[PDB]
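K.L.:
The lines below spell out each chain.
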Amino acid sequence: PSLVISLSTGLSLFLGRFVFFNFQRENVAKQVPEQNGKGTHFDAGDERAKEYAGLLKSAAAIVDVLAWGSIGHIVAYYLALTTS
Amino acid sequence: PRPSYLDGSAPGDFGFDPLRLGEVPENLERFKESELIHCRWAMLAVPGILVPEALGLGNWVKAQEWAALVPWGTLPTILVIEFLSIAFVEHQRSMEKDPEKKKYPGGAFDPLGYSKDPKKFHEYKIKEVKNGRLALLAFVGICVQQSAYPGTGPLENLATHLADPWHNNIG
Amino acid sequence: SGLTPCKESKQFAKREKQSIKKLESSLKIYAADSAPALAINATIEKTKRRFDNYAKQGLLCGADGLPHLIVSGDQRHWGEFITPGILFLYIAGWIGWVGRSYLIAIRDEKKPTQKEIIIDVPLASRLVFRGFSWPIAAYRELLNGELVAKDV
Amino acid sequence: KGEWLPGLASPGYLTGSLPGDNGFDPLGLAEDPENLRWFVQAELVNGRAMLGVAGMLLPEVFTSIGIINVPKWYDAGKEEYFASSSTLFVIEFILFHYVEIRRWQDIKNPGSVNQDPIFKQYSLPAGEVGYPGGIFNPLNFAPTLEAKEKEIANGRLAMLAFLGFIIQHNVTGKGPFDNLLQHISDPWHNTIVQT
Amino acid sequence: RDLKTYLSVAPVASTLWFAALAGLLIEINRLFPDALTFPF
Ligand code: CLA
Ligand code: CLA
Ligand code: CLA
Ligand SMILES: CC1=C(/C=C/C(C)=C/C=C/C(C)=C\C=C\C=C(C)\C=C\C=C(C)\C=C\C2=C(C)CCCC2(C)C)C(C)(C)CCC1
Ligand SMILES: O=P(O)(O)OC[C@H](O)CO
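Chains as they are written, first to last, in PDB author numbering: chain G, 60 to 143; chain 1, 46 to 114, 126 to 227; chain F, 80 to 231; chain 4, 54 to 101, 103 to 149, 151 to 250; chain J, 2 to 41.
By construction, these hints were calculated from the structure, which means they are not laboratory data.
No residue lacks a Cβ here, since even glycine has one placed at the ideal position from N, Cα and C.
Treat the hints with care, as some may be off.
Stated by the list, open to error - Examples of chain 1 residues lying across from chain 4 (beta carbon under 8 Å, computed):
(1) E98
(2) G101
(3) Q109
(4) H217
(5) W222
(6) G227
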């Protein structure tokens, strides 16, 4: 059933948005993004990407959406496949 | 002798760190927090595995075989519940402001106010650890014993039955 | 260990008989009472004896009919490697410890290389037997079995 | 004190301060003082042989005429137990474990002379690593001084005595005492030379 | 006569040592030939 998919995709989105959102962002700050030299983008003219990252929402970008959901689907298929 | 950092004032501090694992300070505070939690889960559990055996349930192992084969009496159901919830709590507990609430959250977690007391709060602490370390040891004892797949209690019964049975071991 | 012991072996037993028949073939041209005679017969008894002993001590013998040694550490077959191995390391260390002890005693004063090409110093004062107890070099280890010049 | 050989002479490490000193260290193991203090302890603990060698000898000769019907020392593996063998090892191990480490500390820092669980009581009062007074010496004998050399010397013979026992057993296939008495069957023909 | 000794104390020492070692080993093999193991 498709329901398994949504429930899991659903929970994941919930988790990323509320439960785990702070931790994620926290690590990213202390981490990215490229070095040479230093900072990449200086040469290799590519390079964010600010708009899609822009989110009029109180937090969660779209990328996040794609990112959190995908994990959710994998899990769903994981379970759905597994029973059979 | 006594290691330099292990003063003795710390709750449960008897001078034991042979590999100098807590020589670095900011992680010694990390390990001290890690200890109680390991201690807290364990203490909760040993009674968990003994009383049911006492009432009669084929030990904690057979207790768990049901999933393998209301409300939510299904492994899938329970797993998500165990999952999403144990996640809500925890990775919230992280706070990392004043050593996980000084490692003693108190407040609502001390509905009966034993934290308010000055010296009792400290003696209460040293008691909590020692009991805890005791569990951790017990759990390991149970695990090693259960690794033969019979019973944590029944084991007692077997030895109690006779002092003659011998472990030998490798040994 | 698909091998079945040299006792209940038909190949290893057959191999014994094959070897002694060939030896027997040789004494037929010399006439007993002669020299080449005993030498052949003395060789035959040694042949029978070594085949006899190998079956006694165990020794598993493969399908080829020859004994295969087991070095797994199996208590049944310790004499095949561990016990001779312990004996080797003993002598191996003993030599190592005596040799090391020599070059050390030589270094202070004199012309050190003089003692190396010529050693009209025998065991120095009395250095050889010092090896009887080499393993006590473990206690030399806790102190200064190694020099601290390079690394640790 | 004395010298094991008239010539050759005692080493500097063998001052004579230690009881049982005879300048016998031809190889040189105990030359580093830290090395001695350890080998001094080992000699006493090994030496104290005595306990055992007498333990394997005397009961063998108490079963001489038929006073006691106990098995030989090399036949006492089973069933000399009301709890079976494998029970006993663990009990012997676990607790000996405890005594041995405590003894260990006194070699590095003396020490652990005090009682432990005991709620309100005394502790061992002593000095010297190898020999601790106290109930260890309830009589309160004389930690002298000569005995300390008596103690050793008797332990050293016992040691050699043990080495004798085990070897002799092999070959003489039986009891170190039957052994002893097979020699007495008018010796002068009953010698190790036989084997 | 100091001289002969030294003379015998050069690499010749090695030959004498290895001759003595060989003799020992061979004689051991005479008394105990075809030894594939230590059984005692
Ligand atoms: C909570 C501590 C604890 C307790 C009360 C027990 C109790 C028991 N064990 Mg277990 N055990 C333990 C820890 C413990 N064990 C640990 C940590 C291990 C891993 C090494 C084991 C491995 C083990 C094996 C393989 C066996 C037992 C067996 C037994 C039973 C009797 C035979 C025996 O103990 O042999 C001796 C075992 C040991 C001496 C292991 C060391 C355990 C420590 C020293 C005991 C706890 C320390 C503490 C000071 C105890 C004071 C008492 C107090 C805690 C109540 C008895 C119920 C036997 C059994 O199954 O009988 C039916 C069995 O053969 N245990
Ligand atoms: C554990 C046994 C033991 C130990 C630890 C010691 C230790 C010591 N002895 Mg003692 N000794 C012993 C047994 C022992 N002895 C026996 C049995 C005798 C009778 C000959 C003696 C006679 C003796 C004399 C006369 C003197 C000492 C002295 C000393 C001190 C300095 C030398 C030394 O470091 O010893 C080193 C420790 C060892 C070498 C232990 C290992 C020895 C090997 C491995 C054992 C050999 C086994 C055996 C030969 C196998 C069969 C051989 C084969 C040919 C049949 C030191 C405290 C000197 C002293 O001043 O006392 C304070 C002193 O002058 N000893
Ligand atoms: C230090 C090493 C050591 C030492 C010194 C001993 C010493 C001894 N062992 Mg022992 N043993 C050892 C290690 C050692 N063992 C080890 C490692 C093992 C493996 C467990 C054993 C296993 C073992 C067993 C199974 C036994 C011994 C026994 C004995 C005792 C033998 C004599 C006897 O029966 O009682 C001593 C003799 C007397 C007390 C005689 C006097 C009796 C009184 C006065 C009663 C009076 C009766 C009557 C009035 C007298 C008239 C009789 C007349 C008709 C002749 C003796 C004390 C035996 C034993 O336990 O003894 C009781 C025996 O059962 N051992
Ligand atoms: C058991 C066994 C086995 C195994 C083995 C092994 C695996 C082991 C090991 C090992 C190892 C891994 C070791 C190590 C090490 C190390 C080091 C670090 C070293 C050192 C050293 C030294 C220092 C020496 C010195 C000296 C001496 C003392 C003598 C002489 C010489 C000199 C002088 C050189 C097999 C099973 C195979 C076989 C059977 C038995
Ligand atoms: O002083 P001794 O003559 O008793 O020598 C000791 C023996 O060699 C054995 O202890």
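K.L.:
Against the structure, test the hints numbered earlier, and report the numbers of the ones violated in rising order.
P.N.:
Hints 1, 2, 3 and 4 are the ones this structure does not satisfy, whereas the remaining hints hold.
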